[PDB]
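Protein chains: 2
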Amino acid sequence: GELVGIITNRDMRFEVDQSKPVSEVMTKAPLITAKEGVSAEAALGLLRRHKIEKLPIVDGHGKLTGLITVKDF
Amino acid sequence: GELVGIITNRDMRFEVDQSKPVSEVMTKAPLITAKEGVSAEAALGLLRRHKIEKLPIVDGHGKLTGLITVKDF
Ligand SMILES: Nc1ncnc2c1ncn2[C@@H]1O[C@H](COP(=O)(O)OP(=O)(O)OP(=O)(O)O)[C@@H](O)[C@H]1O
Ligand SMILES: Nc1ncnc2c1ncn2[C@@H]1O[C@H](COP(=O)(O)OP(=O)(O)OP(=O)(O)O)[C@@H](O)[C@H]1O
Ligand SMILES: [Mg+2]
Ligand SMILES: [Mg+2]
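Residue numbers (the UniProt record's numbering), protein chains in the order written: chain A, 148 to 220; chain B, 148 to 220.
Be a bit skeptical, because a hint or two may be false.
Pair by pair, the computed Cβ-Cβ distance ranges are [stated by the list, open to error]:
hint, chain 1, residue 1, chain 2, residue 2, range
1, A, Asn156, B, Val185, 23 to 31 Å
2, A, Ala187, B, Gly209, 36 to 44 Å
3, A, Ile204, B, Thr174, 22 to 30 Å
4, A, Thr174, B, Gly152, 41 to 49 Å
5, A, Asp219, B, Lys218, 25 to 33 Å
Derived from the structure by calculation, the hints contain no laboratory data.
Backbone N, C-alpha and C fix where the C-beta goes; we use that ideal spot for every residue, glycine too.
Using the sequences plus the hints, can you model the full thing?
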């Protein structure tokens, strides 16, 4: 149940072998995340600062509770 | 005549003020670049390794001679 990383379509854009497991292609932890109840302005600021399009949302134990993408904005 | 950086539309996606100069938004040097006469396989490998979409091509003196994008592939 641990958030070990994130896999986006920039990671698997040119992977010819589509039977490859996720663990060989994903981006490993630590990731850029936000706390629960993060406002939209703070999430957008994080996305602009780190120049990523995704932002996982985790609780106090570091367990995944949500995800914010640039698609929302 | 020096390559001081690169500006892509991920850098200027949420810039409300379009009168801002490039110098305040660009990604400053050093960049991930390739030498002249780089093959397609080497450029694609660099793009996959650094997870970027653009690769400036410079000469021995470090001056810009070309540009490769993921659009080509
Ligand atoms: N929150 C995050 N923390 C760390 N790395 C991340 C995070 N979100 C994405 N990445 C990584 O950053 C890279 C690009 O992220 P992003 O999600 O912006 O790309 P993308 O949506 O796949 O891009 P494109 O739309 O151009 O194909 C990928 O390697 C991805 O794994
Ligand atoms: N060769 C490079 N060296 C260093 N940084 C780079 C290079 N090319 C691009 N970047 C930077 O990496 C970030 C994303 O690069 P990229 O060109 O993949 O994004 P983009 O094409 O704008 O993305 P999207 O398609 O998701 O809108 C930007 O901050 C950009 O300035
Ligand atoms: Mg994008
Ligand atoms: Mg893209």
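Does the beta carbon distance between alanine 187(A) and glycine 209(B) stay inside 36 to 44 Å, or does it fall outside? Since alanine 187(A) and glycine 209(B) have Cβ atoms about 42 Å apart, the given range 36 to 44 Å holds.
Given the hint of 23 to 31 Å, is the C-beta distance from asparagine 156(A) to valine 185(B) inside that range or not? Distance hint for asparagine 156(A), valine 185(B) holds at roughly 25 Å.
Take a look at whether the Cβ-Cβ distance between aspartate 219(A) and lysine 218(B) falls inside 25 to 33 Å. 27 Å, holds
Whether the CB-CB distance between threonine 174(A) and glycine 152(B) falls inside 41 to 49 Å: 24 Å, violated
Indicate whether the distance between the beta carbons of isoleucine 204(A) and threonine 174(B) respects the range 22 to 30 Å. 27 Å, holds
In summary, the one numbered hint that this structure violates is 4.
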